[PDB]
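The chain that follows stands alone, in the form deposited without ligand ATP, written as structure tokens.
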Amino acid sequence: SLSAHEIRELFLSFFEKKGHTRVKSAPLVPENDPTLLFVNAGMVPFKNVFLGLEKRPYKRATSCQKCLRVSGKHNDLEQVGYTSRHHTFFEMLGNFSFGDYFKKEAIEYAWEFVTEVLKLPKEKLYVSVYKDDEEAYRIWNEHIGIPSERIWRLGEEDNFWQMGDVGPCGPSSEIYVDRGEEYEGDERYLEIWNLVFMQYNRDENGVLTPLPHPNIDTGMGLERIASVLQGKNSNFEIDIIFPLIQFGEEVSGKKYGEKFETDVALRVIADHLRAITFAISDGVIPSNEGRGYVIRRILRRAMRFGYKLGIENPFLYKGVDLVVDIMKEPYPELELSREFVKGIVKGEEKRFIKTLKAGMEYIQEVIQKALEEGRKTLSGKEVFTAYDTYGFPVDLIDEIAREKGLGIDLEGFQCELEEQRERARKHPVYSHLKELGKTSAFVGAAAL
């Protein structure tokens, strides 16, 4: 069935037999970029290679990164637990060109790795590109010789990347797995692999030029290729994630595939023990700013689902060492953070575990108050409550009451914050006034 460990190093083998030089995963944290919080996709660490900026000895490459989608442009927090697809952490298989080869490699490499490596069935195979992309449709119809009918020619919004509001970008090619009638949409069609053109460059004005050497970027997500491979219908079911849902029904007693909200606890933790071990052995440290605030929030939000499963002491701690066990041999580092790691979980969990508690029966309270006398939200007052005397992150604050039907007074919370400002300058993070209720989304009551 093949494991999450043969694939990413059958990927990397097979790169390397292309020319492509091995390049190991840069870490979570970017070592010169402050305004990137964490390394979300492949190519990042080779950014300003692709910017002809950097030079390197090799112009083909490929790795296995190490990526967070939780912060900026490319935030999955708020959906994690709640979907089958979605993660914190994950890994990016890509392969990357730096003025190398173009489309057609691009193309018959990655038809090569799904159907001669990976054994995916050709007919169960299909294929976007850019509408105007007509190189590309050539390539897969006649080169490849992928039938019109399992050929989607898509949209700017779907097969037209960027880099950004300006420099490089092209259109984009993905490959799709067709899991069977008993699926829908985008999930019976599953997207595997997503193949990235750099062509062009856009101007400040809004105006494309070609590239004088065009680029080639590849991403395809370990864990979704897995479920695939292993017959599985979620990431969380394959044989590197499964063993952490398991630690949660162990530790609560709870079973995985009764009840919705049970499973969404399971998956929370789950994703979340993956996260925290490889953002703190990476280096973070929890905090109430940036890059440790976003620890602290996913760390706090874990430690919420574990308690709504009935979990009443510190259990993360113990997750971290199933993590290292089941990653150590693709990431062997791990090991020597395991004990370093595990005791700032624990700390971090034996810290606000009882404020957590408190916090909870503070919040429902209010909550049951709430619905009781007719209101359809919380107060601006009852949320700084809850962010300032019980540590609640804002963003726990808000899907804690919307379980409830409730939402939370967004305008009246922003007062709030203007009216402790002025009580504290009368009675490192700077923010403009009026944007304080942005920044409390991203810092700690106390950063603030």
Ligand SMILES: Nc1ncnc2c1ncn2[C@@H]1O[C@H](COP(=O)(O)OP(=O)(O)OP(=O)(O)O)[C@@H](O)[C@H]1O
The other form holds:
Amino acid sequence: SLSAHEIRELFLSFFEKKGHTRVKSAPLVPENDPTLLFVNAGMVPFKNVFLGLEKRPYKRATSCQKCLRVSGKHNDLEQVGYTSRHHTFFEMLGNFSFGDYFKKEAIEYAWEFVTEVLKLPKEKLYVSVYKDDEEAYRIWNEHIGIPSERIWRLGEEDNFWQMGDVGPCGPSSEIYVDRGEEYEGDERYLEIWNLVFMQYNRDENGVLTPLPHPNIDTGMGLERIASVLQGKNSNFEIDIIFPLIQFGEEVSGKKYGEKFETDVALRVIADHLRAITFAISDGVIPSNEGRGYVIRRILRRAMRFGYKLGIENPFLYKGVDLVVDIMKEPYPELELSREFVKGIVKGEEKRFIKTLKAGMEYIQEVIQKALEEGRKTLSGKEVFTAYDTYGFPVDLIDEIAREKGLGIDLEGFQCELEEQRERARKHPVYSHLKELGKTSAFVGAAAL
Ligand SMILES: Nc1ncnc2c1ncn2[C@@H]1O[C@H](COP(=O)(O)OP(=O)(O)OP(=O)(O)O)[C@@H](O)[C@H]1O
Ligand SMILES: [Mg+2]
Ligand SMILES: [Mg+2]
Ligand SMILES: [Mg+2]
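Show the form solved in complex with ligand ATP, please, the one above being the form deposited without ligand ATP.
Once more the chain from above appears, this time first in line as the rest of the complex follows.
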């Protein structure tokens, strides 16, 4: 069945055998790249290798990179807690080939692990390849010997990965595990591995030119595949995250399997706990802008659902220990940051807790008040009060109102923001005008 810490260890040890020097996951905080707030894949730290800038001693490298999908174009923070497959923090596993082997090797080493290493029968496996990429279809169907009906040839939106507007990109291939007949869609056909084939380098005009030395990039979700092997139907039910859920059950008294708006918060605490744990360990302090404000948002949204559960006291600080204990094997580093990070998560809570509550009474007050006078949204002078007078993240104010079906007049919040940038300026983060709303959801009032 393999445990979480067993699958990760089987992955890295397996490819090491395939000539892949095991590398240590870089910190969630990008070293020399101010734009990319948080890492998001195993090829992030090696982005300068595929480019040809760096020349690591090894032509091959495997790693379990710590990822955080809460910024830029890959922002999942919204669906976190609403589904069973979306996390902020998550462990990505993968192999990378720096102009070494290619598709014929990337697949072989990818099929042996899934069948000869994960003990998943080859009768329920499924794969995908870029239709116009007969190169991969041959290896799969002909070489490896897989039936055609079990292979899908999709378009660009499904089988063509790119490293931005310009740079190395190319066709891809995904490995899907069939979960029976009781399920439907991407569930029954859970994506478990993403094999990316850097073949072409898109120029500034959108034209694709081949590379003289192709590359390989793979990203298998640890928690996601762990679900399969652990016969679970939720990434939140794995040996490493469930204890965190029950931790919520115990802090509130509530249990799993009853209401929808309850299982959510439970997943919210457990997930966000992982986020705010490794984050602070990798050098992030709750501030009012950029990275430092992403942790604060994640830590404040946990604070909210916790309060929605009835937990009227700082609790996440107790959850930091559980994480270190569950994650001290692959990342012993956390132990040293345990007490450290424990003081931080406890420091933030006792700071905003009193405000977080007062605010919940304010916001909810203008909710029923609004829907009575027939308003379908919250006024700009209302979401702002909660943003300033209460330090509530603008995204949170939105989620708190979205419950009753109410929205928030964007333009109002827009004008209201100008009514303060002109007021404060008449009677760090710099933001344009009319572009205030494209930054007000990522920076606090005190920093905006
Ligand atoms: N938030 C997440 N929580 C859990 N697993 C994830 C998450 N994001 C990605 N994964 C897993 O990591 C694998 C590699 O990431 P990839 O970039 O292919 O994801 P994706 O294209 O966003 O697909 P998906 O829609 O299933 O998240 C995915 O196939 C999936 O198994
Ligand atoms: Mg996705
Ligand atoms: Mg996909
Ligand atoms: Mg994918």
